[PDB]
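Below is the structure I would like to discuss, written out as structure tokens.
With one protein chain withheld, the remaining protein chains of the complex are depicted in position.
Read from first to last, the chains carry the letters A, B, C and D; within each, the first residue is number 1.
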Amino acid sequence: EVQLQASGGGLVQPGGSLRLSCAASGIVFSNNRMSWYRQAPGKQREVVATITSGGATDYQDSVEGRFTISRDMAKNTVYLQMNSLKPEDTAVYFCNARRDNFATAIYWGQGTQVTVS
Amino acid sequence: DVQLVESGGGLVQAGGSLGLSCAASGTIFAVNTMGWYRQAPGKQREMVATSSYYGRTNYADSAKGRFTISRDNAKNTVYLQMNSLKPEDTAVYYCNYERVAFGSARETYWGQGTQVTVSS
Amino acid sequence: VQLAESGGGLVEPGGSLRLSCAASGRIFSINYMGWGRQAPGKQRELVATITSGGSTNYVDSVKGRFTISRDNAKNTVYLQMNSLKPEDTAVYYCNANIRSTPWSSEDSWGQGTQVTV
Amino acid sequence: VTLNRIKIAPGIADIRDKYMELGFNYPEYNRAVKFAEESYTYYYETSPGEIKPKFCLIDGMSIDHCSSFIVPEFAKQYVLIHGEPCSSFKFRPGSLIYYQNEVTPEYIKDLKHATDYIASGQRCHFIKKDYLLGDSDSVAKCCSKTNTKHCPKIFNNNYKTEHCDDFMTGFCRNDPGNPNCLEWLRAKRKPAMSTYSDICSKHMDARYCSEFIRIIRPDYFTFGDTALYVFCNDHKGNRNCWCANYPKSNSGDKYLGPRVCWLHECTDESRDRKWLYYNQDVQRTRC
Partner (left out) sequence: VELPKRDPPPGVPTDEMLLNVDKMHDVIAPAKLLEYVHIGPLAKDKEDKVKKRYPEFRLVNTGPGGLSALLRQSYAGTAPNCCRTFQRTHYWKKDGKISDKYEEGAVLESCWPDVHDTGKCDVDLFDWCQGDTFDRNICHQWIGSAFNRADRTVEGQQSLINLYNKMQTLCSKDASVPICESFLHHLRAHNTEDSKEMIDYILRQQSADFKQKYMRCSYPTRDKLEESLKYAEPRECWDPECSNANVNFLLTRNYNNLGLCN
């Protein structure tokens, strides 16, 4: 069964840092595009970071230069390093895996809470 | 000039852990490379772990798997979490702030160094 | 590098015009292409731009009425000004941000055509 | 005051050394003054590093009489400097009067103030230096390696000093494929690399510009990049300028930097690296 757990969130101050983790089961990073999304309380969800099957990463213009997405397919674990956090980054962060060349084969995962004050 | 202040070294048991911190103050210029180097008695100053302004980490073979370098550019601080320490790690640890201009000139500033003494 | 402009004139409020700018001369490449106007006694201001990839950006005072476009053939840039208002009275210049060399750029402007409303 | 006995007596050891026997009406001035007359054609150095012919160059006498005792081919690397004060017979100019026995300089002054039989001057003193250039043609012949016969080391050292650069800048613009010009370019000095950038901005199609690009990269790629841009901005129809200046449309940077690895013609094609910019050439290998 495909499952995407999420953890690593917590409470920090303006300028803190966090590291979110997501382990995989039944999904190989060799033919999947991984993505870290965030959804603010009562707002449309937006993608924070994405990584291709070949390790090519991309970021949103706001979170660029601060957040960094990495992966480890030997352990089936995608990460997110949130450096220089801001109170606007407080949202529910969750992972999404979409198969290469299969737009209909897309799976979502659990979410984690982060906050800045 | 630039002043580096170390803090966090002391006495630790075998397989223990210890954290070092280096604070840079003065005429910083953003992009730079800050790191930790060790010096044992009678040996030469060798590299422990260096990190760039954006986190390009470079670990020595002795440090891989045990030590972890981190960096907070907001406060211009570099940290080193040393885990599973061994008696061979007993040394004076200095931090360096290196700035390479045009790949030709180098400006390296060192700190006074903190003593780490790992017992069994 | 020369920017030949046309399409300006005198029209009543609520009308429509189309400005056209032809870039002639040895041009290596283009960063962005834009239109700029200048009211009497005020500074020249860039009202609409389009990059080499076809991405457009307008000023709020113009958004909704004017549309900037480019024809790759003849390499011309057009400004479809619709729903004109007497506040649009200005000398409209043609802005061409070229890349003079593979290591430098140039911000060349035009002579300017008068548009009174 | 008045002379009444003059004679030339032979000498010992040296044929040049003779003795001018002088006897005047007043025996007060009356001496056998030893004088030398140089008769050698020097092909060697008297003392180490210098040549001192036994000749007293009198004041006002032309300085070519000192060098009339040296082999012409030998006297080219030698310069004439000031010499020790000497005296010569006015009726026999150029003689070197030796101060020996009672022939004191005070007696020379007395002879001067009493008779015009003497004239003062300085000893011929040549010292070795090196070949002396004297016009632009000599520098041209030395630097171009076309006549390195009489050429000092500063203008004859395979372009290892900043002497011939001024001439070579203009000389290689008429012959860029010259082996000596390419050797001067391998010195990797600024005037040579900028001169060859000016050359290759107009004649990049040649093969000496291929050699120039292989010489400057990766240490001084900028000159070759500027020359390539100028050449491909003037020659836009060339199939070789297709990567450095995309002719179609107004986007001539279609294959710059990483985008040079897209079109296969800019990576694995039979085209020299001179047609790609430095960033293009580096991205071609890493991709």
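Going forward, a residue touches a chain if its C-beta (ideal position, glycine included) is under 8 Å from a C-beta of that chain, and two chains touch if they have at least 3 such contacts.
Contact with the chain not shown here comes from a single listed residue; of D:226, D:240 or D:245, that residue is D:226. Although one chain is not drawn, the whole complex shows that of D:19, D:29 or D:78 it is D:78 that touches it. Listed residues D:45, D:165, D:183 or D:211: the one in touch with the omitted chain is D:165.
Note on the undisplayed chain: of the listed residues D:26, D:43 or D:262, the one touching it is D:262. What chain D contributes to its contact with the hidden chain is residues 3-4, 6, 8, 20, 37, 55, 57, 61-70, 72, 75-76, 78-83, 91-94, 117, 122, 129, 131-136, 138-139, 150, 154, 161-167, 169, 190-191, 193-195, 198, 219-223, 225-226, 251, 253-254, 256-259, 261-262, 278-279, 282-283, 286-287. Although one chain is not displayed, its contacts with chain A can still be listed: residues 33, 35, 46-47, 50, 52-54, 56-58, 60-61, 64-65, 98, 100-101, 103. Against the chain not shown here, chain B presents residues 29-31, 33, 52-54, 56, 99-105, 107.
In the analysis below, only the chains that are shown with their structure count from here on.
Note: centroid distance chain A to chain C, computed from Cα atoms, is 41 Å. Rounded to a whole number, the gap between the C-alpha centres of chain A and chain B is 31 angstrom.
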